[PDB]
Amino acid sequence: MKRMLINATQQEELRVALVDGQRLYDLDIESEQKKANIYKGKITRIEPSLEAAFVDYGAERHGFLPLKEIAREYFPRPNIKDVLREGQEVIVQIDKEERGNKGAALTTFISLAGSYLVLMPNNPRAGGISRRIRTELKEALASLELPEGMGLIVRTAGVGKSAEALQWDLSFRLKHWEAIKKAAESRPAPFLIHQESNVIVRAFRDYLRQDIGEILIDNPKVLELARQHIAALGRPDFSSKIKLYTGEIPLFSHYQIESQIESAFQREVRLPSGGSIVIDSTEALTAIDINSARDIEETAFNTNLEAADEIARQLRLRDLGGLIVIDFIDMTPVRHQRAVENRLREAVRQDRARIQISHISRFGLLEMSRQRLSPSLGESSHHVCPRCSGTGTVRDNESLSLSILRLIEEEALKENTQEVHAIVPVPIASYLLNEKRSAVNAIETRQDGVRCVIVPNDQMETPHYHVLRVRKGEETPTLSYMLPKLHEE
Amino acid sequence: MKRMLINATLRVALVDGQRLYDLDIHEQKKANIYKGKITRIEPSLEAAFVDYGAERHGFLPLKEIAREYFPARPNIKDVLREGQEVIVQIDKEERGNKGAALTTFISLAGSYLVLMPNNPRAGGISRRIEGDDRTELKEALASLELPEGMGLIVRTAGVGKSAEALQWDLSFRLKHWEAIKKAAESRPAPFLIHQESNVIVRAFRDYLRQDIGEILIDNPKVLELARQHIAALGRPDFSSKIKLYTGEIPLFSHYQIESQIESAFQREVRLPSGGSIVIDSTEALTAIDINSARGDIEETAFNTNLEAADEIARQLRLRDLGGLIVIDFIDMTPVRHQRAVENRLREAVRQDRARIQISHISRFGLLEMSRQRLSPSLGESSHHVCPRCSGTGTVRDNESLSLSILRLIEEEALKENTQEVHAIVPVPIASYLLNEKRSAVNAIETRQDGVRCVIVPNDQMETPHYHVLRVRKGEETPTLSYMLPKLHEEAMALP
Amino acid sequence: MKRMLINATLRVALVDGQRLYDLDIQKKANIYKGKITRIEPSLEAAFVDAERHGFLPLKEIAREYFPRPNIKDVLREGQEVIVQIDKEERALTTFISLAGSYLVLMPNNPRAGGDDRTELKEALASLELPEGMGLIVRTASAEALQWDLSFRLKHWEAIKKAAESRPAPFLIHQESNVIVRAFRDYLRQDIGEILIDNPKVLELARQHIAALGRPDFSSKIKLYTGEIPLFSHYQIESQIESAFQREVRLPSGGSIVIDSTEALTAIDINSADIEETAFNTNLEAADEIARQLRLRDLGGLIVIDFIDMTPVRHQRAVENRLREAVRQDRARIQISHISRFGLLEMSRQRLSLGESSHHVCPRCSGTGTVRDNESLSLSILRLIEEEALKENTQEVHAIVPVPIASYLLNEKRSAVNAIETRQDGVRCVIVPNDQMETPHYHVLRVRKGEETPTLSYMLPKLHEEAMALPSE
Amino acid sequence: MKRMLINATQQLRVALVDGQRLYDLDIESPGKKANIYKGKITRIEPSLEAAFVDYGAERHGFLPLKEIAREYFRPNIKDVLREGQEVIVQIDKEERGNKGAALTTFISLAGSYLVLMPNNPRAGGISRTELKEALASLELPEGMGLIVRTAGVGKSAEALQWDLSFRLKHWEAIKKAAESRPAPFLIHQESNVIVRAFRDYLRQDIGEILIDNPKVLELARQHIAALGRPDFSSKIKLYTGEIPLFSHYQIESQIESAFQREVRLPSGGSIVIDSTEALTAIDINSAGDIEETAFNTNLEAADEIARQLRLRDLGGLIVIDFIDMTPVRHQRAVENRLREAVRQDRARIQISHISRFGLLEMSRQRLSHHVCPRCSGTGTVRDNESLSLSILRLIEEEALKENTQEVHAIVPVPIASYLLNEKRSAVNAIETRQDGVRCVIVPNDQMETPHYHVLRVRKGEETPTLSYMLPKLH
Ligand SMILES: [Zn+2]
Ligand SMILES: [Zn+2]
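Chains as they are written, first to last, in PDB author numbering: chain A, 1 to 31, 35 to 79, 87 to 143, 148 to 308, 314 to 508; chain B, 1 to 9, 14 to 29, 34 to 80, 87 to 308, 313 to 513; chain D, 1 to 9, 14 to 29, 36 to 59, 62 to 79, 87 to 109, 115 to 138, 146 to 171, 176 to 307, 314 to 393, 396 to 515; chain C, 1 to 11, 14 to 33, 37 to 78, 87 to 140, 148 to 307, 313 to 393, 401 to 506.
Because the hints were derived from the structure by calculation, they are not lab data. A few of these clues could be false.
[To be verified] Now the stretches of chain D that chain C is said to cover, found in silico as 3 or more residues with beta-carbon under 8 Å: (1) 292 to 300; (2) 317 to 326; (3) 374 to 385; (4) 400 to 414.
[As the list claims (entries may be wrong)] Here are the simulated EDC-like pairs of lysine to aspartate or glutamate, each with C-alpha atoms no more than 20 Å apart in a straight line: (5) C:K504 / A:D370; (6) C:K455 / D:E238; (7) B:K504 / C:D415.
Backbone N, C-alpha and C define an ideal beta-carbon position, used for all residues, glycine too.
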């Protein structure tokens, strides 16, 4: 059975997992974003000067509706003064967030994005397959039963799919649209109809499919809200599937996903056979290295296939974006390289994100790209990494040392210098005073009379250090290792 | 003017003429050349033993003796006399018990050429060199004046130079080879003729070309050794060009190269126009990102990429970067820019001695390339991915992290047949779990009646890392809590 | 009065007046009535109903249940049977064995039974054992044995009475609940009361007594109710605290010092007529040491440095004191003489696994003395050079404590350089290691050819297997 | 080959070395008593029944009548001695205050095991069953007597004969050097630190004595002739290499082994030398056949222990926990191995067997830095268990106090681990019995294992500080 588990025992913090069995196969972790919210709005005032109008959609500031955005449905080359009345009600969607002094950009041409489809129930003039894409898709799109007054777009996401699966998405957009206009026809004008960005409506919109057997929710107050959204989205057949979790063992722990979730935070994730993948992220790209466990050709082939599967889901769970480079283990047969490519392609087939994959090159690398799905490059409860001090780069022991070494010498050059104390972490004092002993001696012999003291301090770690200057006369007879305390002041 | 500055108060920098364009900064024997006397012959091993000086005798198998020592499949007893003198090179250093592998087939490696003055049967362009590169090299090599009884090899390094530049390299090997057999004809048998690895001998062997005007040296004791090496290498035309630096301002500071040397240790290197390159290194490869400055867009991207290609080439030399390199060039829409950026990189690396191979800008806008670190020294990549992060700059809080491990613990304890669950966590995590969350740790144990939850503080880990191990019924040991990290040492280990 | 105090607010203390003389702080050998699930002539065994069925091989069926044969001939499916667990779930026998302190009754089967043994072979022949059964005398007098043998017989009766009174699947006897063990190990005829401070436990305590088959005792189990804690009211809490001290004061004023080393436990004896003092303090020591061995649960080898005595008759009297003082200890104990050096060597078998109170400082060899860093460095510094002089040496790695590396590579940097320069080509690597402290270090020699490009600070790990100690 | 190496380039160390096994060391560093002179009788005092002797000090020595040998003879001192009479004289007591030194013509030559009184036979004997048998077997000249030292517990008769004869050879040379000169000079210097080494460390099997210092080597030969053995002058040799003597002979590390707690054995096992209040416990760990390994490590142990006792100068009571051996014949062979290997030692040694417990007891007579952080300078550190239990009772005692809100136990990491796992139950028990009192046990990687803290937090003073942030706060 496929389940959607929703762990919501922090009422600010929120987790949604899809699960075939114990395949965690997709995850999301959530809760302002306002783009693509739908309101009923009253027209505040008309401006023939800007060929536009102003809409009270509930916000403290009025939205902005240009003429090019008004549907023929609301037209009772024309002046806007001839098209709209003041105080006229209108179903309105946000194109662009409020910026600076400027109210949100609003359009009546409403668009309902699904997983694979974007229904424009309001205008039929937009539609077709995307530029980014198509032979079977042009055949599958013509087969869907679309009402006459509307148009649809098939998202890059729609490409490895079937027509049967598209009809399921298209109909979920239709049921929603009915309810949008049903909840508009039922009220006075200033209110909100659809929230793009709250986590239940988004979870159902993105994560629901026909193969989903249950939706377990561990919080009653939420489960009630979850029902309401399902009827507003126009799918009662799902209410029966929504079920309340009540056990005292936590939802995600009862189903054994909490560790799999934990794997999306790790540098190294283990593969089923015993190998692993190491996910490093640079300024330019994300590098994924692959290591095997403890026939060589069969091992490399086997570990790569597992790697291809793990990388795929890690890309979903982590929500990784941009450029990705996979260093697959070397394989001599070309047929293996194809099978490792085709593994990865099938594994990323279920990913909603726009993903593009090349081959295994002559250097044994695979390049690919993924579009990060959410605007919020953000992390619910985190802090700056201390060791890298916020940037993701840690200075090699070589260069750190070399850097302090030039820094010591610059202090020894200064006039009136008696001594210079470098208080460094232990490995650095080890590297400086052995590997670089020659250069340490070179400084002291060139700065005749200047004491270079490099003291290993097990109280520091490797980004941190100190280089202190001791002027002629203020030197003490303190022992090298008792200095870190001395300079505690 | 081009100078070779040598700071030895050992660092060697090539300076045009206040710009710094190349830098160079283990008791070595492989590829030393001796005159040797034959100690004793072994027809049983089809080999002989040679006294080249060392406390242990070298090993010269029959397959290594040149026809120069032959008359007309023979027994080695018919070939050599005991105590017969012979010019000998070390193939392989002394390992364990054996003395050193020796061959009479001498080879003199230059920058671009390896002269085998001893045997003509082994020369040509190597297989590493792709056809379109080699095409002109097969033409340039046929044009060099090589004496009859000897053969050459064009190193992968030869790849970007000209026939006029190769003729300069080949002649330096010839001048040396002469002196090698002149110093051998002039003495009894047991001595050393050529030392492969003086940093002076190496610097001249690797870094001299006809375009080098001066060789400033700031150390007298070394300058004298430098002249001797020049005469021993057989090039008196360069003695005049070796000069003593004397100024009180350090050699490298007078020429303003010290900061440029400092750049080979930086993560981000400013380009001339304002943009930069970010050199990150990972486990697998070296990622280089390119950023631009501050207004034609296409021109900026093109122009920044060109500067990048030039900076990356020299940084690859100065850093001595090895292995796999991925360059993320700024995106360019015209294909003609993408070829120009590639060709910029090819012409910029053309003077690197290292074997370099460069592909195209792919559909993703990446350039893959490889480079051999030249030095037995294993290269430390200037910077690299933070291990606490994986290079996010972000780390989970201790609370969210404990709560996460909490449920992870309980998930393990709920598994059938579980006796114990061991959480090996960083010290402040065990502190938080076993104090602030003690109640909840107790709740697990009391709900999983019989399952021991062991949360052990481990001062060997820090805060993103942890471990949650499951102990099945019957395989628990009476080990103390604080001694579990050391016992699980075996397992918890990541490939 | 001898009491058994049970603090369960689980600790069990045997207390004579106000003297603490003993202290205590799985499914093998549990007994059930079981129904035979199904028979297997193939494995010559049967299955007995836990969520999983037990396994009863033919060799384990008593002659009592057979009304060389096949297992299908002996047993009927669904036949009830008194069953004991031989081995935990990873084995059932119908030979049952009831272990006491001194005796293991095999009430089912008499083909059992088991040269300090001279009086034991006589004492065992004197016990009144029913015909159909045999017994084993554990490693742990005849009058004291008859008390133990009868408590097993009382128990066995109740076991077959609780089986004759019910349907077939249930548990009869639980081998291991600390109350069962305390009554099994720590009950005797001379125990007047068993005070318990916890009602929930006292109730469980009574049930275990009737199950153990001794209703005469229920009267002697009493509930403690005072607000002053049970152990404090009886003044044993300090004596319990003495089991954790290095030095325990003797009645007369002398003391014993209990040190423990790697090999053994050294007990020294100090005092407060010289001959009479030594003799008398030694007698007091033999008493204290005996009960300290019980309270601490000390195991293995014990050497006792008694105060020296010149008359041989005192030495025997101090031995025989110690022998009779340990007589009540459950553990297997063996005692030798006071040797010509005035030591007494003895051994004790720790009853369950465990360790001791104080042992000897790793930092010293047990002195308190520790060489100054200056002297310690200079020592290592001459040691390093000694290694670099050796023929065929490529490198020499000093792995020293952090302050020693700091002293060596700063204050003594000149000398370190002097070694490297006089030993042309030999690398001195002095690595600071925050895993060591200051008496300890290592100086390792790296022959020509076997050097690795390992980083100075990573050597400690590369050298683990070769720098570890046969001590551990 | 057994050698005596003498390092004297440094201002003096003497090491007995067998092959390259340092087995004895002396570091005599010289700041009285038993010097021998030829002396002229300055003046006689019948008043004090004594005389005055010129032994060449600026002050005359004092020779009572009771100290004059029958050889030089109730009488007056005036009747026995003639003024200006020459006499072989030994110092009894160093010069004190105004008096000159006490002198006796009863002369005694101390060796390692024997004191020869070549002058008087009336003093000697014991106070042992075999020593009384062994002393009666020695060939001692009529006119003289001998004492067996406390050392001489550990002498064979053949070994005693070697000591006695070295005293006799010396005594001959003493009177030979007296007969050959006028009267005021010094004959034998007891104390000049080379004399001790030759007196304690020389024997017939010493091939060479290498000395790295000329000034000292000259002094070393004079002392040999004065000790009366010119046959050795040829065996004393000047070391000259730039490599220090003790480093050329590879013994400097073996000298440094005497300071360690564990010493590795040749085969790979080791011995652990731990010293308590009562005794020295030596434990033995091993590195195929198990019976052969245990036997073979124990043999090496016995050998190593023997010389460690010598190098360390351990004294008193020693208990050796040999690796268990089931065969009784090995037990005897490990015993006999120890006995033979201490046979060289100069100290008084006694050895029992391997007991039923597998332990060997033995005693040795001793022949002649800064407070440890970790045990506060006593013998003992606590077990993590006992320490934890100790802190645990201490935590509860703080929680009992009136007006307590919290009790913070700042312990080392392994202690926090043991307390909060193995003892978690008891930690809960305190908190639940002290309703409302928070027990905070915080692991602190800044401390190690003897140290800790238990702090009390009164009601109202508690902060919202995180557990692990409490070390810093405090
Ligand atoms: Zn980081
Ligand atoms: Zn200590």
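Hints, one by one, checked against the model:
Given a C-beta distance limit of less than 8 Å, the hint that chain C covers the segment 292 to 300 of chain D holds, as 6 residues qualify and 3 suffice. Only residues whose C-beta sits within less than 8 Å of a C-beta in chain C count toward coverage, and the segment 317 to 326 of chain D has 0 of them, not enough to reach three; the restraint is violated. A count of 6 residues in the segment 374 to 385 of chain D with a Cβ less than 8 Å from any Cβ of chain C is obtained; the coverage claim is therefore met, three being the minimum. Residues of the segment 400 to 414 of chain D lying with their CB closer than 8 Å to a CB of chain C number 15, which satisfies the three-residue condition for coverage.
Simply put, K504 (chain C) and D370 (chain A) have alpha-carbon atoms about 47 Å apart, too far for the 20 Å limit, and the pair is violated. For the given pair, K455 (chain C) sits about 27 Å from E238 (chain D) by alpha-carbon distance, which is inconsistent with the 20 Å threshold. Restraint check for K504 (chain B) and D415 (chain C): satisfied, since their Cα atoms lie roughly 19 Å apart, inside the 20 Å limit.
Violated hints, in rising order: 2, 5, 6; the structure is consistent with all others.
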